[PDB]
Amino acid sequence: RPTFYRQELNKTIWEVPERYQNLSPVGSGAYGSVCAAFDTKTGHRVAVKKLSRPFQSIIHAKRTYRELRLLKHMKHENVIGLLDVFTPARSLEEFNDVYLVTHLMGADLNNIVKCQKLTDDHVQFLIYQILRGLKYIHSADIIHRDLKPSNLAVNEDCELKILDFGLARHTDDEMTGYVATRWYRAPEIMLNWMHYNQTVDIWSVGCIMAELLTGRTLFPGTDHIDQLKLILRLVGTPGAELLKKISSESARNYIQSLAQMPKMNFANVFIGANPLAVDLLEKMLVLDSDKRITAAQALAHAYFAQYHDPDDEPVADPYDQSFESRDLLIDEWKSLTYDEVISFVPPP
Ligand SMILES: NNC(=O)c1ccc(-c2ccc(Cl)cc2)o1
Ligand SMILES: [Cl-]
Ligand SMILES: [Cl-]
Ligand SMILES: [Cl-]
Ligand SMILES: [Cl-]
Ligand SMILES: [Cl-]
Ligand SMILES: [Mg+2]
């Protein structure tokens, strides 16, 4: 067991191993507080996140266990990994606090979209890396659920990592009105007309790719209905083949009210873009999710010819998510979390 030291930073007690020095607050949501630190064991600048109220309810205790399981599993160059996890508790009986340690990220994709002149080569390399990471995530039967520019870390060498997996955290208030939190969601998820599946992440990749090519949000809706109208004007209203599949009475009802529109010509929307970029966007931005390109299929598209290496696009170890359908008490979720903290082995 390492030695721990205590300090107060912005009205919060931080108790951390001596290896972590020069702690400085960086931000805080309702999920926890975050400090930047220097890790003397590894030489890395790190983010230390102290969870807030990790075991306050059954829903909160399960969410804590879900986040720790997911971060312990992810071992890939284009996905955030777990450097360390610790608790100052010496036993299950005094266990209350959980701290998570990752590499400190600087710029997100939001920063480089607003500010930099992107070549076609930049767009190829950035979207290649998102798809390489997503092939890995989807091979474990994990859905990200919240891909958007602020959840993509990028360095000076244009190297990218996926972060901030959806933990089923977002509220109705957070999705309301003119908000980036909704602009990258697939239309069938927008109003819960279908259950989440991994094809929803490819829709988000299409919205990010369009925004790197134009410098502008693809579907900046002022509310759910305005955003659906922007989507259907580009990709067309449902055809007979898709209508047949639509199980939700709610959806077919509102959709039959709208005048029919054809799919637009994407070469006239994305003026001057590489024709191979236009072709790949037509394969991602398909209303019928069964017909979208997969991450594994997209990596072999001629747009990525310069970067594609089928011997260096790895898949994940199997991931057991059976806990998701399990009914447990707060203290049982807390005991499972404690076992995962004490069994952690750091990376090489
Ligand atoms: N396999 N797909 C489906 O079961 C499904 C159910 C609902 C939809 C859907 C897609 C776009 C709009 Cl606008 C409305 C509904 O797709
Ligand atoms: Cl230490
Ligand atoms: Cl990492
Ligand atoms: Cl504790
Ligand atoms: Cl964003
Ligand atoms: Cl597993
Ligand atoms: Mg985020």
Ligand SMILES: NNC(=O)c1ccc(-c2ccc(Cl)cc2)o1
Second form
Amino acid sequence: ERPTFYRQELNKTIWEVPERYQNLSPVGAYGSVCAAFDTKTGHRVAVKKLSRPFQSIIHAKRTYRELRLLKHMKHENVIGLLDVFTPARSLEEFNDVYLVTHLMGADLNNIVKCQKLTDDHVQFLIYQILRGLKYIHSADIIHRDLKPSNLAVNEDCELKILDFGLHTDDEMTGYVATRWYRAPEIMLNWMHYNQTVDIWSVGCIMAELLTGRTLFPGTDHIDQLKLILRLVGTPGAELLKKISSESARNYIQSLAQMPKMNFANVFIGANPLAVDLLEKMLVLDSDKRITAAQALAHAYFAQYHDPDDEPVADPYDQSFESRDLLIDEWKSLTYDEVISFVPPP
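The form deposited without this ligand is what I need now, so please give it after the form deposited with this ligand bound.
For this one, just the chain is written down, with no partner chains and no other molecules.
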């Protein structure tokens, strides 16, 4: 059952992989990635070698979390796991983990910069994001990091969600795309967040497809909040009650009150149905945002919506997230998941 492995050094890194993977070529702090040709399937693939996967309890649990998530995701608009392997022949010598996925070409940033998008293109792209999100949310998973660089798109306009949130303070500081798509309640730690944060990100992405430009390109956290409240209005008393951070509540009330703007005068010339959907996604109070399942039934997607072809996920057991274990116990759980992997049909 065990394949033969061969070794090579790629940029000061020793890679040991099954013979089926050929022509390894580096492409890019949690791991290094190589493109390769998989001779068993004929696919160009990405092979990721995890860096120090078991160096601490936090790292070991993150390794297990990533492998559990990738093994569960089986949907047309979500990245799936093609293979996982280790050169180790036993738990006692187990140290390295390699993950194999489909090699992705362009992302949605490349699309918005270099392509003139019709309203039909916007409909199809956002429809596919929402179809994948309905599946992800049905398993009680929150992506947390939806942005154009985490959305792969091919020549047929077909889309896949990748790079689930599994981010440092410095990574979120300043004029950075890593913060421009985040919901205000998570950007500013207003309250315990939930899956509705992902719908805010979809609204930001859809706006950028319609205009070609970032919706909220803030130069820091506070500048970005000011841009958001200018468009959607300052909070009312109902939402202020739900901000459990007393310090954040007090800062918000320092700001002069502003009404919600007219979205037809912001998104000039857009399909009126697109404007309506944006008003339902970009709602400050997360309790009142439209959900992915509700949005698929909005009239903007009438030509693509098929309620018999929008599937949900198998149940996903996340009880490990509240479990406290030692490094070697997380490592043993990960080893079990590596050796039990069953490849897709």
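Residue numbers count along the first chain shown, from 1. Think of the rigid core as the biggest set of C-alphas that the two forms share within 1.5 Å after superposition.
With the core fitted, the CA of residue 248 sits 1.7 Å away from its counterpart between these two forms. In this core superposition, residue 196 moves its Cα by 2.8 Å between these two forms.
Summarising the core-aligned comparison between these two forms, the C-alpha atom of residue 296 is found to shift 0.1 Å.
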